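In the form solved without the ligand, a lone chain appears below as structure tokens.
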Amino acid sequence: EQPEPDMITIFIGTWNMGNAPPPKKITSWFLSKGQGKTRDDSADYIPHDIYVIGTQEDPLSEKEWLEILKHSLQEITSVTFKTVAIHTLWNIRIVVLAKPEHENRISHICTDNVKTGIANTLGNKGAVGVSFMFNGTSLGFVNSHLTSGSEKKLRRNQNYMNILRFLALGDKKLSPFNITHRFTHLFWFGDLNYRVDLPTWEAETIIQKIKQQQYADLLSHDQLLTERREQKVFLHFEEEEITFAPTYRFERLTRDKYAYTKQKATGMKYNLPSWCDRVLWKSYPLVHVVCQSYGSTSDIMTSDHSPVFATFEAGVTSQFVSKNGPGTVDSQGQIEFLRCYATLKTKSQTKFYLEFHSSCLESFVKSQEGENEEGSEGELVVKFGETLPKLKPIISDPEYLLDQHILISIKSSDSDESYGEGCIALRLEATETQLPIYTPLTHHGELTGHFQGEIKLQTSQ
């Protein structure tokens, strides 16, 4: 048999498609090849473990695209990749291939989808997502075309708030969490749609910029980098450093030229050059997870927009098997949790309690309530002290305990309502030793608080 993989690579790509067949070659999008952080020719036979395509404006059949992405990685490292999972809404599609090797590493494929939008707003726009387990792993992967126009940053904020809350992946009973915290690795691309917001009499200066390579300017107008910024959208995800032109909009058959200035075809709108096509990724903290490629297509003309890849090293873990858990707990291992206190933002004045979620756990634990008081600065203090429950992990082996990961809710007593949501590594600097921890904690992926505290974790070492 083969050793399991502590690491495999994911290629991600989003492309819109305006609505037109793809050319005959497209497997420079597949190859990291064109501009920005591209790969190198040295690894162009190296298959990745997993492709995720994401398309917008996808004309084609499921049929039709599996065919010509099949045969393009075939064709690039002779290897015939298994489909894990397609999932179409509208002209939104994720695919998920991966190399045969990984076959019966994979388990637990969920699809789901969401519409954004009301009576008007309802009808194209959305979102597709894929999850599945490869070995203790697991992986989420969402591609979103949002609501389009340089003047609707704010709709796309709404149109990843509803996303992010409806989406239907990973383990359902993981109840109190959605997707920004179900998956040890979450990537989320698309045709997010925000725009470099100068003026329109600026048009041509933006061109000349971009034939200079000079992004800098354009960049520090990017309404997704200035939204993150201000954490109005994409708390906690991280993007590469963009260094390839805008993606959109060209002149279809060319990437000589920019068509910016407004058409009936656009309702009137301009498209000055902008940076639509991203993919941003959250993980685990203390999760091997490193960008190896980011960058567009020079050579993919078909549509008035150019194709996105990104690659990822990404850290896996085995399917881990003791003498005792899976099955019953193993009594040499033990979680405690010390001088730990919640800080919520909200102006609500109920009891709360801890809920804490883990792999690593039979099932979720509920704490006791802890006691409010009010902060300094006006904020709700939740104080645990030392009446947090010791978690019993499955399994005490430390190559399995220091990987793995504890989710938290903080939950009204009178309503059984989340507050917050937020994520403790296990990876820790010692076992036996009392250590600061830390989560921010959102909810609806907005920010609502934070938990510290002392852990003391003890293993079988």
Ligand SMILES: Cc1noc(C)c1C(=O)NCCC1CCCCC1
Given for the second form:
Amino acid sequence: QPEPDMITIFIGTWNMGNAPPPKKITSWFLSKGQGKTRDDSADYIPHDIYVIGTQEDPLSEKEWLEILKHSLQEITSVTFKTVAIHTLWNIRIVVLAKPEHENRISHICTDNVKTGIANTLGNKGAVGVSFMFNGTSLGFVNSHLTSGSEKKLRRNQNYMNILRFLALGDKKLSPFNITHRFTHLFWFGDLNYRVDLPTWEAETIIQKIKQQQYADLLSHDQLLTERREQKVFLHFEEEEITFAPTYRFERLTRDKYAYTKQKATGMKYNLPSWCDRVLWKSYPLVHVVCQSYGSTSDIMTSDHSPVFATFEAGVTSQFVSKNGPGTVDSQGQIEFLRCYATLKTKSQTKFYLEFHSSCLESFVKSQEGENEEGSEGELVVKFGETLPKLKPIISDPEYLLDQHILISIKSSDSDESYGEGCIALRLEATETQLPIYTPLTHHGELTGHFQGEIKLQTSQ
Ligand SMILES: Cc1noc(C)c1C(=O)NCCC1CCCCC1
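With the form solved without the ligand already on screen, would you show the form solved in complex with the ligand?
All chains and molecules follow, beginning with the one already shown.
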């Protein structure tokens, strides 16, 4: 029975509005409703992994697990295995997988982050799950961010706190936050970004939604505008939105948006918005294709509609050679030529690099680079031809070309990372000098760039 080189992943996000679900929720897991929907001919084909994020979830873990498993059983005639479940307040994540994957899944981690201080600590934050699927690391974050049209900056701060403090994946990757720890990272939830148009335009917005004319609304979506201005979710992807706003509905129908200010809303307007979202970030040159992104039309117990997204994701096998794991393969090497970091920092410490990869027995520290002044004020750290030759555990090109090198640039004075990035080994050629490049981030914000050349030697 061969190991897969691709899997499909279902991502669901639903703010349940503190109400129990209706009897039937199969449309969610079938990617049926509005937007980019799944072909009917696929309805009986199970996804490999289902990741369900809820917010304002009033159910116990047991109660929701029974509903989810019975739903998937009805669709697929497969009894799915529970990988992980984790709840913070009323924010929950469930990971289910086909039984055939049980011995492919390992290193399961869960964590949560509580956002805010005092007043604003007690119901918002995030839960997450990570695991290895054969040779591929997968991370999943369900966040419920701060509500209200005039709090986009708070939502951005919630995002930065979650990616800094959520402790998932390989703890040995100490310089790296969740935005670098996984081959594929999916971040979803009630992100609570709104369509920023004047209150007086509510009926105009409703009109546009009825005509399925979303362009003038999406051009005011706060998540899209904040992402374009590099204020949040830097280096993440989102499929194009082709479904109606998923908030705020009158319950028990989808015919009416309930936007007017009420005591129950704190006298705030809730103009129709795309609160409920799925984004992802995958390592460079790894296969990831969104095959659905939409909302259900027939699940009406909440003031939000459920959102679905599905993905094809490339995965690799748990590789064994005669040599690695447990030794090097002298026939393999990774060389860096003419490398330099450009940093936005005002500081003047010396810097060194760390190279982290599961193709190495352990991480590799470089010598300090040579600081120069860049023309337009910047710090340039030159490594020249000084970088250590990296010795992978396996030399087979079928393994090595699928790997990635994480890079941290660290202060000699404090040993703190000033920037993190990632280089793919999926090169156009081996034994050939080729340009490499990554942006560098810290706490998910841009701090610099790393560029140079690579020379990869495989056993072929
Ligand atoms: C989808 C769906 N949603 O609700 C219901 C009920 C279904 C359904 O009929 N599933 C049958 C699954 C089968 C397995 C493989 C081929 C034979 C059929």
